[PDB]
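S.K.: Single-letter residue listing:
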Amino acid sequence: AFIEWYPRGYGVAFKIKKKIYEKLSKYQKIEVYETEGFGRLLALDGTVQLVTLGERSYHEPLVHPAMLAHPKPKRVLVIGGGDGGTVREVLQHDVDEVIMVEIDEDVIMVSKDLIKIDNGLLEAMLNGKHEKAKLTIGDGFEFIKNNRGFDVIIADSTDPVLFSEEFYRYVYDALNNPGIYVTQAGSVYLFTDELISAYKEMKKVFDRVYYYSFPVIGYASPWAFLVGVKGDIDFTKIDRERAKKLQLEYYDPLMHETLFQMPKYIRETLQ
Amino acid sequence: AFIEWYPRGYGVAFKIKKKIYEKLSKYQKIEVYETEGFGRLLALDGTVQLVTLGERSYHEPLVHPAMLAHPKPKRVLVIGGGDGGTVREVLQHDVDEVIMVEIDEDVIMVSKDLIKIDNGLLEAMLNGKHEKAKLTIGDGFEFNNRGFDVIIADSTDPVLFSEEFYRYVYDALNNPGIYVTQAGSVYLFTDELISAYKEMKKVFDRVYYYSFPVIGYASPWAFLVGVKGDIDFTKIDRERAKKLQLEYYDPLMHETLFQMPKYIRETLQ
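Chains as they are written, first to last, in UniProt numbering: chain A, 4 to 163, 169 to 279; chain B, 4 to 146, 149 to 163, 169 to 279.
If we strip away everything but chain A, and leave its shape as in the complex, we get:
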């Protein structure tokens, strides 16, 4: 069995068939497992990044709400996303360009070789042959200081500078108007202090801030997401006609109002 242990001794466990890879990269320990019932598991420093049977429960709620809330998202930035799932979801939409900035090249290599949820996308980006998606190997924090003009910015990073006020100010400045930033923001129940502090810093910067939660398979459930808006976007509304064209199994745009489920004590603290 593989177990990820969280604060206070809560654990997410998977029966495993085999450990099939391990490498200490320049930034983290990368490990891949074949699980019994959830396909392959990618772990970074012993934390679950995804399971191949269930990962859409993360990548769909991370990407599509923000993409559908924006009136016409054409230029998108993804920070992290070494496994390729996030950029794959972004490309369901008719964007002009998606830039991905990932610090750890070895996560990309391990994912394209052993995980393969990206369906050839990572290889195309590494070879510079993709018509819309471009890859930069680097620090998203530095990148956003020096690069700008995005309709949507998606932080698909590991657990927590990407949650600092300094970073959010650079993000806001780099966003178009209208613009939307979204980040995974940790376990609702177990990383609660980290969620609240991130929300606090975002509220200083953005014109609107929203929170939501979703049942992500492989993570301590449910997982939190935070949204920062530049300009006039009502994140409680989505483009239903664009939504109908998407291939979705987890996020339910026709029931978009339900996205905002959150335990009461956390709702109160954030407000």
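Where hints are given, some of them may not hold.
With beta-carbon atoms standing in for the labels, derived distance ranges [as the list claims (entries may be wrong)]:
| no. | chain 1 | residue 1 | chain 2 | residue 2 | range |
| --- | --- | --- | --- | --- | --- |
| 1 | B | 151 | A | 20 | 41 to 47 Å |
| 2 | A | 173 | B | 273 | 37 to 43 Å |
| 3 | A | 139 | B | 10 | 39 to 45 Å |
| 4 | A | 77 | B | 201 | 40 to 46 Å |
Since the hints were made in silico from the structure, they are not lab data. A virtual CB, placed ideally from N, CA and C, is assigned to each residue, including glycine.
Once you've looked at the hints, dock chain B against the given chain A.
M.R.: Structure of chain B alone, referenced to chain A:
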């Protein structure tokens, strides 16, 4: 560590200090563990019933949506609920009577001694001293008795999910009335959730489904609601809701109660 394993090799795990209790009753194996960070854990046949630090994440969404959806819930039945959490939540509301029917008396005894989420309620009920709450020992299916505004099934996972049972429940409900049951893991007991929804659709005037992040269970957890007469379960009494002390269920955001993965919603329709 304690682990409860679910279908497809998914596991909910708690680091534990010690196992402090184990007894085979006439019905099941009752165990109590001391966890490192979630208080005490009560298990029946290796399945988590509750952890004391977090159990309100189950008992609140089980009880309060149905109690607030009903226009005037005065008489309530709870099937199961040996730990006392469910009846405690029902008593937040101004009910006349709440009857609790639990088959296994040993769960009540272990809960009142070792778990203590009930704040003296179980003791009061055992001695017939509580003015509103009455305890009876027996099978909920067998339990004859009718005239309830709200019936809550706080029992084990998918006899209590059969069409035959649901007809007796429907006949036992007032008009207006409302039934609610916990309905298993959304992701891992999905076929069982769908088949319970199907049986309820054959009997009740309207069936609703929702989910909630319950601490200690494979999350999220499903709940099913059957309605007799004129109750719109998408609406709740906001003014009564503001007087409850709640940490988890958020009645002012009642519309979000109905979160459910898209593929599961589509299958249910």
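S.K.: Of all the hints given earlier, name the ones this structure violates by number, lowest first.
M.R.: 1
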